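Just the one chain here, laid out as structure tokens, in the form deposited without this ligand.
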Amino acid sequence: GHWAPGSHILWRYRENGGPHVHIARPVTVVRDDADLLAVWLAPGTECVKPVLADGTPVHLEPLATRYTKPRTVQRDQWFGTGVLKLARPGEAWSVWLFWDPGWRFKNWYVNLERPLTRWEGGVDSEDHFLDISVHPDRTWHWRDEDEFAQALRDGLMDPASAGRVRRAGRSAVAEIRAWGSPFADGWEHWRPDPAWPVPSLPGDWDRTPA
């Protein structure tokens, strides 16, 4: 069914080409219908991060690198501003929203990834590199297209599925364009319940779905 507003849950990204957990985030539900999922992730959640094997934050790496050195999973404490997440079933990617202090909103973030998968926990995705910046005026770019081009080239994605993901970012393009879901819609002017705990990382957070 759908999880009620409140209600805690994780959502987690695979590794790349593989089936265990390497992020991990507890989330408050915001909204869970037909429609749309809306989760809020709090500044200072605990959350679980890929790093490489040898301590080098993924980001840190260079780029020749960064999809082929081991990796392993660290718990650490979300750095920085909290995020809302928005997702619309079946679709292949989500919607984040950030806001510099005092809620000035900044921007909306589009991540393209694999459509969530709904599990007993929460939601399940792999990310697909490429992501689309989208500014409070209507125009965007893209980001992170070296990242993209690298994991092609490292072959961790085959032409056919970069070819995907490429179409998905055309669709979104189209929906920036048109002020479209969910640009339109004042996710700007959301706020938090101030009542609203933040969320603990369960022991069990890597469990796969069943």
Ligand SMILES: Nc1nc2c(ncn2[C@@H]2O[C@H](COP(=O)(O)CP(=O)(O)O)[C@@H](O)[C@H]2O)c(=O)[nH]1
Given for the second form:
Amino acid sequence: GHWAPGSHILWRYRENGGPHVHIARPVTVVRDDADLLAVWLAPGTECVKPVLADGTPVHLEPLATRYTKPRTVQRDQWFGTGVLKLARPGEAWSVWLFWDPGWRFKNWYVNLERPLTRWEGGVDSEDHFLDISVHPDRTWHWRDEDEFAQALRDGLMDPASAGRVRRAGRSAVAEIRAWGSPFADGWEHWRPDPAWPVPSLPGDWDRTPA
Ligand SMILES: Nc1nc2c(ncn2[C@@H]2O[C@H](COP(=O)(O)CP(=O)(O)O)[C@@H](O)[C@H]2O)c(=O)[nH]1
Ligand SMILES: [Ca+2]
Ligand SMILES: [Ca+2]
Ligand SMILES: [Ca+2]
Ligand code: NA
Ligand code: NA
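One more: the block was the form deposited without this ligand; return the form solved in complex with this ligand.
Full complex below, order starting with the chain above.
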């Protein structure tokens, strides 16, 4: 079934090549139907993110060991402006919209990922490392090609899995070139309902349904 707009759910990613949740983001459902799930991640929301086992930031670990060193999780608020996330059921990416203060639209962000799986409390995925940035002038470029390369070097991905990610990348680029959904759909002009509260991080944010 579908969640009513205004519902609170969790949007989650598992650790790379493991079963445990490492990213958990409480979000408000904007739209949920057979064609699209859209959610709003508000500024200040309490989230879960990965850190290295010593609590230090993943991004600061050299690439050579960034994906080999032991990790844990940390609660942290969503910094900066809120993000709108959009995902077609069954599709191997979601598209997130980023704005600067004053709702100055910055870019669409194509997050290549395992198609979201729905469960009672939200949606779960696995990030595929490679991303795409799309600018308001319709141009585009890759992000994190080097992290994608590193992940395959460390066996976080098979040649076959990597191939599937590259295929997804080509399909997303095809949509960008054609200016299809959701790029063409004016979500850059969407605004959250000011009455919506900031959703809480559930104490059981890490539960994994069978
Ligand atoms: N406003 C805001 N943006 C965030 C936050 N965390 C992460 N992001 C953004 O989400 C983007 C993707 O996160 P990542 O770099 O950890 C991963 P990946 O590139 O594989 O999706 C980052 O570039 C970062 O800017 C946050 O708390 N607030
Ligand atoms: Ca990503
Ligand atoms: Ca990335
Ligand atoms: Ca990145
Ligand atoms: Na469908
Ligand atoms: Na203002």
